[PDB]
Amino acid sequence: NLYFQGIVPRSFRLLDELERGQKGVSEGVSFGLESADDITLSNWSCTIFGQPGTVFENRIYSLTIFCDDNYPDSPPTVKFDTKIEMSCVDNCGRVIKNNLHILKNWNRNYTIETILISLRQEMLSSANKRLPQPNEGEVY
């Protein structure tokens, strides 16, 4: 059994986040592997609960996070499978890196969870919270 202070290899890092996710995490996000047999641990199935008091209220959004082999030093790619209108989401549901702080100014100390949390907070902003939405459960 290994010990060291400091940064851990990609595989160790993703094992930590997986254990975190599998233990059901912060409010109300969930995350895990798209498929249990992926040994690169690169593709993640995620859920965001809509923010109470907004056009997102009571909706469930499904999304996919992909961590390439430079992860955690490089940001993952983020896309919504569930249709959403947000200033940091493009026409195909993918997150516009330069419109979300944590992706734009990524830091290896952010996580899959940070992204999910950040997306739920974006729903509270004034550019988003009154934005007219697609029909509920509609996908790309």
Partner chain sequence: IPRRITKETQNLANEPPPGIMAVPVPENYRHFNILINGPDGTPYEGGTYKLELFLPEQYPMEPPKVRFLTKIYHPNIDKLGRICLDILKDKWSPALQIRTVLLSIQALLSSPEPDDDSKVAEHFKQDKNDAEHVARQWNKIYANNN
Second form
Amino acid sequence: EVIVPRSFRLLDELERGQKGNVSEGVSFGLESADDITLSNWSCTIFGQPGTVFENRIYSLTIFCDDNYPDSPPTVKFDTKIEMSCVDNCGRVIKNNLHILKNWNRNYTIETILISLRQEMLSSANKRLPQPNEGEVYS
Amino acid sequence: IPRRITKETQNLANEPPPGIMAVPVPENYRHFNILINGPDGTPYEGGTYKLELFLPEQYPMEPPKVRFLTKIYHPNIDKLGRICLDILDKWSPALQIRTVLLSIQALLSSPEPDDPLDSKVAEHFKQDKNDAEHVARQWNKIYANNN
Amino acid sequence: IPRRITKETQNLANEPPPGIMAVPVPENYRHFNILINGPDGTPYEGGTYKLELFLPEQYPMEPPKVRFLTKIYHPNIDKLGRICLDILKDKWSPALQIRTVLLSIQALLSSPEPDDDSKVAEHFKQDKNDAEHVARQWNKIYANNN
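Right, and the form solved in complex with its partner chain of this protein, after the form solved without its partner chain?
The next block holds the full complex; its first chain is the one shown before.
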């Protein structure tokens, strides 16, 4: 098997995100334009139409550590969101998200963003009341 | 003007916890200015840290809001000074402003990099504790010199 | 473990082009550490530039992946060390090898291509001498041997 090193793996994901060659409702790029380690990712997921999350954008931050992609990155929302997999500080609970709970190296930052958009559709989160549009954690 | 807020205000001014100072802002009894000394035996030793505390309308039914104004290199405090404390869902009217400030003070002595709020800072504390504390000690020197 | 990759690895180690050094990473035979000397008569003169190169699954039908690790002020190299070069993009051929890629990057340091929107490229367009002055300072900061 061909082992793609961390740096080139992250550069490939960056090329995809920057191009707009991404899934619908998700966007991802680097938090800092000159972050050579490519560790801190500024992300966005769009709220699912027909749910309480609809018509609003959620800014969030994903951090890939030195063992990525062999180990899961950490996820944290900047825009305030009420969900089963998100704690009161915005951090995604690893156990409450299947792709983070059982991480595979083939999963990407995109995969995480899509999986969060899916969790919006679940019966537990679908009708759950949300704070005002554009609120940050405090 | 609730009786509890006035009592807590007086309790903090007359009998403050060691290394902690808390006074309200004139013409806003809900706004608080906090000074916490960096604990001994930590990279923050000798430093003075500014914090702001807001009491919401529903207090003490709802928890207060707190964040650092002074920059600090700590795995459980983000770049904007925000913290992640359970007692701010695990909140109860049984707890007081004094409880929150003591909890923040305790956090400076007990950083938990495995339970991080700033993942970048946290990875540094895990990979190289000495160097992370060194950076934190330098931050203390330049950002927390005197208030 | 292809015969070509081994042959190229040995060729780069035994007959390296002047100012070029390439050696695979012990953990990964397809991942290369690279040094390229800053060419004479450039703002990068005397500088030691680190790069990493990866040979992807479809090599040699597709080009190697390459980036600078040493920060550089150059119209064709961005803030992450990514390189705007034809043979890395569309103009690749299996007849070209790692050697050719490294030589092209080296040549690119001597012959910048400022007509290939970027803030850096615009700076080289408007004031070449001042942009090279900035580049010379970055070379001292980022590309020394100490």
